[PDB]
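What follows is an incomplete set of chains from the complex, kept in their original frame.
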């Protein structure tokens, strides 16, 4: 009670990634989407229990700003 | 911000993504949708139990702002 800071949590209980699975847990901010300023300091709270990815799965648990950070179509993957 | 507690949670119980599936669990904000939205403490509350994606599925569990973040349409065919 009585807060002036950031509020809005995303939570996960269990995560299982198997086989060619990539998971981003937390936050991804693309440059274009948001860079400082008097931006948001309040976000929607999401909470998941168990999440499993099987077979080339891409899973992002958290907040993606922009929509080019974790997911994409086809780029120059050189590593 | 100074709003005491944000109300509006999304909750997921079980998630299974199988086979080339992509899942966004959380909140996606496109740039266009929210830059200087410095106060959002009353949103929609959605709870789901089990969600399964099978075979090249896109699934977003959470909030999508802009409608362009996770479900980025075919914008880059040149890639």
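Every chain is named by a letter (A and B) in the order it is written, and numbering of its residues begins at 1.
Here, a residue touches a chain if its C-beta (ideal position, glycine included) is under 8 Å from a C-beta of that chain, and two chains touch if they have at least 3 such contacts.
Visitor: Quick one: 2 copies here, how many in the whole complex?
Guide: Number of sequence copies in the full complex, not just those placed: 3.
Just so it is clear, only the chains that are shown with their structure count from here on.
Visitor: With chain centres taken as the means of their Cα atoms, state the distance from chain A to chain B in Å.
Guide: Once rounded, the distance between the two centres reads 9 Å.
Visitor: Show which residues of chain B lie in contact with chain A when the two form their complex.
Guide: 1-6, 8-31, 34-41, 43, 61-63, 66, 68-70, 72, 74, 76, 79
Visitor: Okay, in this complex, where on chain A does chain B touch?
Guide: Those in contact with chain B are residues 1-4, 7-8, 10, 12, 32-34, 37-68, 71, 73-75.
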